[PDB]
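Below sits a lone chain in C-alpha cells, taken as the form deposited in one PDB entry.
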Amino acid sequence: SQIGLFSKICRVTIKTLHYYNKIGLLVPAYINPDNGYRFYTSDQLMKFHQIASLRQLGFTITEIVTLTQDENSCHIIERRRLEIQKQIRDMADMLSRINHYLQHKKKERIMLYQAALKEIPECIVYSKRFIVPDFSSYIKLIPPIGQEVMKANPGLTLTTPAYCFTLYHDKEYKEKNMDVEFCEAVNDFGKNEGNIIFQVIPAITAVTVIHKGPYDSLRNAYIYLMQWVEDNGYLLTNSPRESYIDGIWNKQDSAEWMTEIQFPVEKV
C-alpha cells in the first residue's frame, strides 16, 4: 500500500508519515530502492493506532519513541500525569484570572491596575520598624534614617537594582498609628546601629501592581490587590510590601511617581 492509501486508512497527512519515517517512529515495511516509494502494511496500521493513542494523551514525539520501544518504561507516564495535573491547576488559575479581568473591565471602562505574579528573591536589607502618625510624616522621616545608616556604615553599598521598600505589619486598615517597617536592600550584612537593624527578608512569590501617581491614592491599588487576592482564591501570606521605584528623589513631577505594591501571596 502506497503512502496515499495508508494515509487514507489512518486518516492522517502524508507529511505526518514522512516526518515519522524521518524520526524513526513508524518506519515503513518496504522502501522501494529505485524511486524511494514508501509501502505500508497493516502491521504498520496497528503501530500507528498506538502512536495516535499516545499522541492523544499529550505525549511528545520523543516520549513516544521511548514508550513504544522501551516497553517497560512506566515513569514516563506518571511524569506526564503530574505534568497534566500541573497544567490543569494552572489553567483553572488562568480562567479565574480572566474572569476577574472581564468583571473589572465590565465594571470600569479602563484597566487602571493590572495584577501580575512575580518572584521576589531574598535580600539583605537594613530595617527600621517603628510607629508613624500618618504616611506623610513617614515620608519625611525616611531620608534622615537612611543618612544615619549610610554615614555610620563605611563600605555599605546599596544593591543594583535598588530594591527599597516598606512593610505594613498591621492586620486591619489603620489610617493612623501605622506599624510600618522601612527597609532598603544592601549587598551584605552591616553592623546594627541603635534602633535600625539588619535582617534578611525572605524570598516570596507575590502579586504585584505598579501605581503611577501621587502617594495619597495608593488606597486604590491596595483595594484592587485585596479584591484580586480574595477573588482569585489566593491567600495573603505576609505583610504587604510597597516598593518605591520612582519618586521625589528621581523626578520632580508628582504625576510620574512610580511605586509598586507587592502582596506576598500563596494559593489555597
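Positions refer to the first chain, counted from 1. Take the two forms, superpose them, and find the largest set of C-alpha atoms that agree within 1.5 Å; that set is the rigid core. What changes on going to the form deposited in another entry:
- In a rigid core superposition between these two forms, 31 is the single residue of 223, 31, 203, 235 whose Cα is displaced by 2 Å or more.
Please supply the coordinates for the form deposited in another entry, as a counterpart to the form deposited in one PDB entry shown previously.
One chain, no partners, no other molecules: that is all that follows.
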C-alpha cells in the first residue's frame, strides 16, 4: 500500500511517517529505486499499533525505541511511574496556589503582595540577642552595635551583596516585649567579645514577600503570609527573618524604602 492510503489506515499524518522513517522507528517494506516511493504492508500496521500503545502512556521516542527493539528492560518502566507520581503532586500544588490567588484578587481587584518560594544558602553572621520594649528603640540601638564590632575587629569585610536581617524568636507576636536578634553577614571568622558573637546560619527554603513604604504597615505583611501557609498546606518550621534593602542609609523619602519578609516552611 502507498503512503497516502497507509496514512488513512492508521489515521496519522504523512509527515509523521516521514519522521518515523528518518528516526528509524518504522521503516517501509519496499522503496522504489528511481522514484523513491514508500510501500507498506500489514505487519507495519501490527507495529504501529504497538507504537501508539506505548506513546499513549507518556514514553518518549527514545524509550519507545528501546522498549520495542531491545530486551524487556523492565527498569525503564518503573522510572516512569515515579516521574508521574512526582508530577501529579506538583500540579496538585499549583491548583491550590492559584485558587488562593483568585480568592484574594476577586476580593480586592488589586494585589499589594506577591509571594514566591526561593532558596537562601547558609551564611556566616555576627549577631546580638536581646529583649526590646519597642521596635523604634531597637532601630536606635543597633548602629552603636555596628560601630563597636566594625572598629574592634581586623579585616571585617561585608558580603556582596549586603545581607542584614533580624530574627524573631517569639511564637506569637506582641508589642510589649520582643525577643529579637540582629544579624549581619560577613566573610570570615574572628574573635568574639561583649554581647555580640559570630555564628553560622544554615540554608532554608522560604516563601518571601517584599514590602515597600514605611515600617508602620509591616504587620500587614505578616497577616498575609500567615494566611498563605494556612491555605496551601505548608508548615512553619523555623523563626522568620526580616531583611533590610533600602532605608535611611541610602534614601531620604520613607515612602520609597524597601524591605523583605521571609518565612521558612515545609510541605505538610
